[PDB]
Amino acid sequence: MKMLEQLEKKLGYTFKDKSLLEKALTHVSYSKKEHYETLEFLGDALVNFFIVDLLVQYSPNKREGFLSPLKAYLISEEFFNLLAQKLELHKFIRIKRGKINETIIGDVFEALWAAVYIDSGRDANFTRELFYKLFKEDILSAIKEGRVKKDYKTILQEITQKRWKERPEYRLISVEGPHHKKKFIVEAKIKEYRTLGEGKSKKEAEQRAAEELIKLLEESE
C-alpha cells in the first residue's frame, strides 16, 4: 500500500509481513476479526520495558521514590501521543470516522511496536535499538526536565475553571477507625456533581474524590 510504505520509511524498517503492520493500525471498528487489540497488549509490556530501561540509566537519581513519578509520565497516554506524533500515526490509522481519540493513538503506538518485535522474529535487542533511534533523544529530554504528571486536584481545577470559571469545593464528611490509622472520606463538588474520596489523610482523600469527579465530568460532555 502507498501508505504503509511511508510509515515504514519513517520507522526505518520494512515489514516482512505487511498484514502484521496493517493489523496494528486497524481499529476494531474497521474489522471485527483482525484489529490491534492483541498486539496492543504485547506492545504495552514491550514499550514499558524499553522506557524503564532508559530511565534507570539516565536518571540523576536511582531510588524508586524518584523514578516512579517519571515512569508514570513516560508511559502515559499523553507522552505516547507526543511520540506517535513524530510519525503522524493518526494519518495511517484505519478506523471508522468520528471514533478516533488520544487513547486510540496511544494503543496503536503500542501495537505498532509489538508488530516490529514479532515481525523481526521476536528480536528484542533489535526492536529496542530501532525504538531508541527514533525516540531516545525525546525520552532523555523528558527525564532531564523532570516532566511528571499533574495530580488529579490540579487537573480538576483546570477543567472546572476552563468550563465554569469556578473551583470545586472539598468538605469533610466523616472520620473513622483508630487514631493511629485513621480513615478519611471527603466530598468533591462542582456545581451539583458530587463524588466521595477515601484515604489516610484529608489531602489523599481529596485526590481520590477529584479523580472520581473527573471521570464524572467526562461523561457530562
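Residue numbers count along the first chain shown, from 1. We call the rigid core whatever largest set of C-alpha positions still superposes within 1.5 Å between the two forms. Shifts are known only where both forms have a C-alpha. First, how it differs from the form deposited in another entry.
Relative to the rigid parts that move between the two forms, the hinge contains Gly146, whereas the other entries in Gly146, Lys96, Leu196, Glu37 stay over 12 positions from any hinge. Smaller rigid part rotated by 140 degrees relative to the larger one between the two forms (C-alpha superpositions, whole degrees).
Remark: 97-100, 147-220 are the runs between the two forms in which three or more consecutive shared residues have Cα displacements of 2 Å or more on core superposition.
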Second form
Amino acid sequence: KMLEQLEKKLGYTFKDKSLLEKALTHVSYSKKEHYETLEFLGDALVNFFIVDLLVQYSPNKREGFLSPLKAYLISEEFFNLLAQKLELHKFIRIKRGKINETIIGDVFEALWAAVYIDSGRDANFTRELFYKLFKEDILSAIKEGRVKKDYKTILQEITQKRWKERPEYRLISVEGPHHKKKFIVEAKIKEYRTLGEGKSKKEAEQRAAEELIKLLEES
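What about the form deposited in another entry, after the form deposited in one PDB entry?
This part shows the chain on its own.
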C-alpha cells in the first residue's frame, strides 16, 4: 500500500511484506505480531555495522575513546537522526500511543533485522544497504567524535588526583508527587559543600557536582 513508499526510501523490496509490517508494529497495536524480537536481532546487526566502520575510520583507536564513541553512535539519540531520512512516523503502527523517540529507535533497529531475514539472512547485502544510506553520516559523526565526561566523573577524578579521596553525596530532601519528584542533594569533599537539584538523585548529584568543581576551580 504505502509500504511501497518506505521500500523506496530503503531501496529494498521485501518478498514477505508481512515481515516488514512486523518491524513497524508496536505491542499495543498487535499483541501477536510486533517488533520486540526483531529489535533484539536488530541491535546486534546494527551494532556490528557501526563497530565495523568505527574500527576502520576512528582517528584515535584507544579503548577509552572507542567505547564512549561507540556508545553514542549506537544510541537512540543517534538512530533518531539517521531515521529521519526514512520518515518512520508515517509507517509505524500504534494503538493509543504516541510515536516517541524510543519507538522510532526500536523500529529502526527492527527494520534492519527485517531486511536481513527477508534477504535470506544475507549479512553483506544488508551491511551494504545500511552503508549506502548511512556511512557518510556515520563517518562524519566519527570525524567530529568527542568523549564528553560527566560532572560526577570529572569531580571524582579531580579529588582523587589532588587528595586521593572521593566526594560524598547525601540526600537533603525530596518533594513533590511521586510521578513528579524534586531532589536536593549535597556534594562534599573535605570542608567544601555544595547543593544540587533535579528530577532524580543522579541528575541532582550531577548539578551539585558541577558546582563543586567550579567551587574548587576557585579554591
